[PDB]
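In the block that follows, a single chain appears as structure tokens, in the form deposited without the ligand.
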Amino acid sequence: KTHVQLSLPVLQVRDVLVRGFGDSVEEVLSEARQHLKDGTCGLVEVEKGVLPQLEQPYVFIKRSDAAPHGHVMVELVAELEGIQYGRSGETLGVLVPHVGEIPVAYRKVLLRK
């Protein structure tokens, strides 16, 4: 399937134990896609002071369309030193590994895979 329905645990930035997916744009996009497939991916909602508490490169989920079965269609865009790899809509948040942190909410997304 080109798209997969996922329910992503929303994590508080200060709870996150593993603050990024790796060391290159290509690795973080690779690792994010693997964690999304394996159900081991969390979502941090971006506000003032969040991103500097996480590790670059960042992986964003961005709205790709204007929401089947409640699931917002999203795609992945990476960012390193202010350059983004991908073009898409509004940021829904930054992806991080999920290793058992208690979420505050769930974000239903349809991921272009």
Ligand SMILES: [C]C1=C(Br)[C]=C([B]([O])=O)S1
Given for the second form:
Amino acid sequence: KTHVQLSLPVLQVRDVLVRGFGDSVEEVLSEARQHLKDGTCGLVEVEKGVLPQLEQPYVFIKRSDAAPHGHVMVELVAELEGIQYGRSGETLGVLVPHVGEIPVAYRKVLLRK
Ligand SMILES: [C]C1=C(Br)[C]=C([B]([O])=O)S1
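Having seen the form deposited without the ligand, the form solved in complex with the ligand:
Everything in the complex follows now, all chains and molecules, and the chain you saw is the first one.
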């Protein structure tokens, strides 16, 4: 399948224990994809002051289409020092490792793998 239905635990930024996927654009997108597959990926909603509390490179899920079965279609875009690798629609938030933090919600997405 080119696309996978996922339910992502939405985390408060101050609860996040592991605040990034790694050290290069290529590593963060790789690790993001692995954690998404393994169901160990969380989502932090982007607001004023959220991003500076997280580690670069950032991995965003962005809306790729304008919602099969409730699941918003998204794709992965990385950002390092103001440069994005990928081009997509609006940010649904920033992906982070999930290591058992209690979420505040769940975000249903159809991910282009
Ligand atoms: C992002 C990816 C998800 Br979810 C599942 C993959 B697979 O085919 O093993 S790759």
